[PDB]
Structure formats: structure tokens, C-alpha cells
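Keeping the supplied structure of chain D fixed, place chain F upon it in accordance with the hints.
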Amino acid sequence: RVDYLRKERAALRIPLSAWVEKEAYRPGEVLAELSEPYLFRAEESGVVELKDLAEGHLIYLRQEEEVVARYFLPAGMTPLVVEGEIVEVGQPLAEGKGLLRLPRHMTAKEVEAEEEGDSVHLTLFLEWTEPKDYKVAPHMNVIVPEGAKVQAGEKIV
Amino acid sequence: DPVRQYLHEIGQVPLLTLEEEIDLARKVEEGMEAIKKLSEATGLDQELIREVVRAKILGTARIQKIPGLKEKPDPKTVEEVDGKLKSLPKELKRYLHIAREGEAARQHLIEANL
Numbered sequence: 212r213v214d215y216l217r218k219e220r221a222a223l224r225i226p227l228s229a230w231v232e233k234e235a236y237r238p239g240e241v242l243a244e245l246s247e248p249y250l251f252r253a254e255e256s257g258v259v260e261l262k263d264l265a266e267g268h269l270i271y272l273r274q275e276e277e278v279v280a281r282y283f284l285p286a287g288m289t290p291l292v293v294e295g296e297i298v299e300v301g302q303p304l305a306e307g308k309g310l311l312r313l314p315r316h317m318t319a320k321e322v323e324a325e326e327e328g329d330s331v332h333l334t335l336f337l338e339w340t341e342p343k344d345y346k347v348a349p350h351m352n353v354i355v356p357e358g359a360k361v362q363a364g365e366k367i368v
Numbered sequence: 094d095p096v097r098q099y100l101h102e103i104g105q106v107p108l109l110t111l112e113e114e115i116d117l118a119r120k121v122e123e124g125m126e127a128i129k130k131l132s133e134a135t136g137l138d139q140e141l142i143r144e145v146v147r148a149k150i151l152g153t154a155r156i157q158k159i160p161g162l163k164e165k166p167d168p169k170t171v172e173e174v175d176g177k178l179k180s181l182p183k184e185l186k187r188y189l190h191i192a193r194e195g196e197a198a199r200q201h202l203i204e205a206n207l
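Residue numbers (the deposited numbering), protein chains in the order written: chain D, 212 to 368; chain F, 94 to 207.
For reference, chain D alone in the conformation it holds in the complex:
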């Protein structure tokens, strides 16, 4: 069982009446109390990408090829759009309700603060674990040891 790492720098739009307000959120660490089911407001146009992560979601906004932005949907912040579907600016991207805590497999490092009125933007550098399994056969022999830290393009077995 190889648990890999995934790094992404993503933004978030949540009001200021919520914002649990921390520089580091552990898995399951509560984020953004809110009030009412805030509608995530797209700050860019493009086509989306819905990459489902455990409880949480991730929206990649790109025009043609290149990415225009990346958004993070905390647990309970629900997607209003289908992957690849064309969206616009200010469009109702997603909806959080109440709690909307941090995902259970993911961390948060190096928070950010952009605050305007009742709302605030937070750019979080997020890294998680996206594990995968490999079935070994008698035609194989494991090389790397148990609980080892593997590189990129590493001979495992």
C-alpha cells in the first residue's frame, strides 16, 4: 500500500462571520462556522473540474488549456456544477452550510488573508494523501523496506 502525496495551492471564499481563522488546519479541524448556506462565488470565468476528494471537493477553473484558478471545497460545501461544464464570474460555484470543516485526509499550511466586508478570501496551501494498492505476484520481489519514504519514479518491487 503506497500512500502518495498531492500538493495544490487553492483559494477559498467564505464570509468573515465564519472563518475559524487559523494558519494551520489539521484533518477534521473545524473551519468557517458561517450563518446561512453561503454560495461560493466564482471570482473567475472558465470551465470547471470537479476532482472529488474524500469528503471535500476541488474545482479547477481553466480557459481552454491553462488554469485560471483553483478552489477548495471543505467537507459539507457542496458542488453546484458538473466537471468540464462552462461557468462564469460570480456564478454560484458551490454551497457550504454551517460547519463545513476541513477534510479528514488533508492538511493546511501557510494560510492567507484577503478580507472585504462581511466576506473574506483565504488562500491555503493544501496537501493530502491519495493512497493506492498494488498486488504482488510470485514473479515479483519487494525491494524498498517497510514504512519507507519513496522518491519519484522509484523501483518499489
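Treat the hints with care, since some could be wrong.
Claimed, not checked - In silico DSBU-like links for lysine-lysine, alpha-carbon gap of 35 Å or less:
{"hint": "1", "chain 1": "F", "residue 1": "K183", "chain 2": "D", "residue 2": "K366"}
{"hint": "2", "chain 1": "D", "residue 1": "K346", "chain 2": "F", "residue 2": "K129"}
{"hint": "3", "chain 1": "D", "residue 1": "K343", "chain 2": "F", "residue 2": "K120"}
{"hint": "4", "chain 1": "D", "residue 1": "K360", "chain 2": "F", "residue 2": "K163"}
{"hint": "5", "chain 1": "F", "residue 1": "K129", "chain 2": "F", "residue 2": "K179"}
{"hint": "6", "chain 1": "D", "residue 1": "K360", "chain 2": "F", "residue 2": "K149"}
{"hint": "7", "chain 1": "F", "residue 1": "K177", "chain 2": "F", "residue 2": "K130"}
{"hint": "8", "chain 1": "F", "residue 1": "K158", "chain 2": "D", "residue 2": "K360"}
{"hint": "9", "chain 1": "F", "residue 1": "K149", "chain 2": "D", "residue 2": "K366"}
{"hint": "10", "chain 1": "F", "residue 1": "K165", "chain 2": "F", "residue 2": "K179"}
{"hint": "11", "chain 1": "F", "residue 1": "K177", "chain 2": "D", "residue 2": "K366"}
{"hint": "12", "chain 1": "F", "residue 1": "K165", "chain 2": "F", "residue 2": "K149"}
{"hint": "13", "chain 1": "F", "residue 1": "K169", "chain 2": "F", "residue 2": "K183"}
{"hint": "14", "chain 1": "F", "residue 1": "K120", "chain 2": "F", "residue 2": "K149"}
{"hint": "15", "chain 1": "D", "residue 1": "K366", "chain 2": "D", "residue 2": "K343"}
{"hint": "16", "chain 1": "D", "residue 1": "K218", "chain 2": "D", "residue 2": "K233"}
{"hint": "17", "chain 1": "D", "residue 1": "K360", "chain 2": "D", "residue 2": "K233"}
{"hint": "18", "chain 1": "D", "residue 1": "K233", "chain 2": "D", "residue 2": "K320"}
{"hint": "19", "chain 1": "D", "residue 1": "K360", "chain 2": "F", "residue 2": "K186"}
{"hint": "20", "chain 1": "F", "residue 1": "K120", "chain 2": "D", "residue 2": "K360"}
{"hint": "21", "chain 1": "D", "residue 1": "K360", "chain 2": "D", "residue 2": "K343"}
{"hint": "22", "chain 1": "F", "residue 1": "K179", "chain 2": "D", "residue 2": "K366"}
{"hint": "23", "chain 1": "D", "residue 1": "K262", "chain 2": "D", "residue 2": "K308"}
{"hint": "24", "chain 1": "D", "residue 1": "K366", "chain 2": "F", "residue 2": "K120"}
{"hint": "25", "chain 1": "F", "residue 1": "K120", "chain 2": "D", "residue 2": "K346"}
{"hint": "26", "chain 1": "D", "residue 1": "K366", "chain 2": "F", "residue 2": "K163"}
{"hint": "27", "chain 1": "F", "residue 1": "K169", "chain 2": "F", "residue 2": "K179"}
{"hint": "28", "chain 1": "F", "residue 1": "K130", "chain 2": "F", "residue 2": "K163"}
{"hint": "29", "chain 1": "F", "residue 1": "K129", "chain 2": "F", "residue 2": "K158"}
{"hint": "30", "chain 1": "D", "residue 1": "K346", "chain 2": "F", "residue 2": "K165"}
{"hint": "31", "chain 1": "F", "residue 1": "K183", "chain 2": "F", "residue 2": "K129"}
{"hint": "32", "chain 1": "F", "residue 1": "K183", "chain 2": "D", "residue 2": "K343"}
{"hint": "33", "chain 1": "F", "residue 1": "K177", "chain 2": "F", "residue 2": "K120"}
{"hint": "34", "chain 1": "F", "residue 1": "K129", "chain 2": "D", "residue 2": "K360"}
If you are wondering where the hints come from, they were derived from the structure by calculation, not from laboratory data.
Same frame as chain D, now just chain F:
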């Protein structure tokens, strides 16, 4: 009785699963190639380092004290080689242990198919 004796002595060890077999040949050949890579390091013979491995594995001074009244000098042509290959970096060092365990597995294979 030596007859039942041998049979029971070989009946003291399990055979091998297909896995164990493939793995055996694998590690064995990894040791046999390891020695070959050692010959390219300290600049010794293919069989020299080879036998000298058994000199620390197959036993102590019992392996070279009776292959006949003459085989090859134990304190001279070997002991110098047991220390000549002893000072090498981490790069070359592992290829020694691969020779010890690699050549070791050979015996397991034989005992198995016995």
C-alpha cells in the same frame, strides 16, 4: 542405521513453494553477480572472492585446513583478502553481503530439492 538416517535428515526440512523457488534462484544469482561486481572493484579473481565468502560463511578455519594437505593458504592468500575487501565505501560494501546471503541461499535450494 544410516539408511533411514539420511531419509529422516532430509525429511527434517520442507520443500519449497513456487514462490520460495523463484526467490531462491533470484537472490542466489544476485549474489553470484555481486561477486562479479566485486572483481571489478578491488581487482580480484572471479572465484577468489567467491570461495573467500565461504571462508567466512561455510565455516571458520575448518574449510581451508582440510581440503587435502594443500588447497590455498588460509592466513596468507585469504586473510589478506578478508581485509583487502574490508576497506571499501558503502557503494561496494553491500555487494559483499549480497555475496554472503546470495551464496548462502544456494545451500537452501540444494537442501530443498534433496
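These are the hints, each one checked on the structure:
1. F:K183 x D:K366: holds, 20 Å
2. D:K346 x F:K129: Answer holds: D:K346 to F:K129 is near 33 Å, not above 35 Å.
3. D:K343 x F:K120: Distance ~28 Å between D:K343 and F:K120 Cα, so the pair holds.
4. D:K360 x F:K163: violated, 52 Å
5. F:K129 x F:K179: holds, 17 Å
6. D:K360 x F:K149: Holds, at roughly 34 Å.
7. F:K177 x F:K130: Within the cut-off at roughly 15 Å; holds.
8. F:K158 x D:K360: Outside the cut-off at roughly 47 Å; violated.
9. F:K149 x D:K366: holds, 32 Å
10. F:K165 x F:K179: holds, 20 Å
11. F:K177 x D:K366: holds, 32 Å
12. F:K165 x F:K149: holds, 15 Å
13. F:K169 x F:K183: holds, 26 Å
14. F:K120 x F:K149: holds, 19 Å
15. D:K366 x D:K343: holds, 16 Å
16. D:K218 x D:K233: OK: D:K218 and D:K233 at ~19 Å, within 35 Å.
17. D:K360 x D:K233: holds, 29 Å
18. D:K233 x D:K320: holds, 10 Å
19. D:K360 x F:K186: holds, 23 Å
20. F:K120 x D:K360: Between F:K120 and D:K360 the Cα gap is close to 24 Å, so the pair holds against 35 Å.
21. D:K360 x D:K343: OK: D:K360 and D:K343 at ~15 Å, within 35 Å.
22. F:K179 x D:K366: Holds: F:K179 and D:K366 sit about 29 Å apart, inside 35 Å.
23. D:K262 x D:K308: holds, 20 Å
24. D:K366 x F:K120: holds, 17 Å
25. F:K120 x D:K346: holds, 21 Å
26. D:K366 x F:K163: Violated, because 47 Å separates the two Cα atoms, which is more than 35 Å.
27. F:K169 x F:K179: holds, 15 Å
28. F:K130 x F:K163: Roughly 29 Å between the alpha carbons, so the hint for F:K130 and F:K163 holds.
29. F:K129 x F:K158: At roughly 26 Å apart (the allowed maximum being 35 Å), F:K158 and F:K129 satisfy the hint.
30. D:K346 x F:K165: violated, 49 Å
31. F:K183 x F:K129: With a Cα-Cα distance of about 17 Å, the restraint between F:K183 and F:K129 holds, given a limit of 35 Å.
32. F:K183 x D:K343: Between F:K183 and D:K343 the Cα gap is close to 33 Å, so the pair holds against 35 Å.
33. F:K177 x F:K120: holds, 25 Å
34. F:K129 x D:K360: Distance ~31 Å between F:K129 and D:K360 Cα, so the pair holds.
Of the hints listed earlier, those the structure fails to meet are numbers 4, 8, 26, 30, in rising order.
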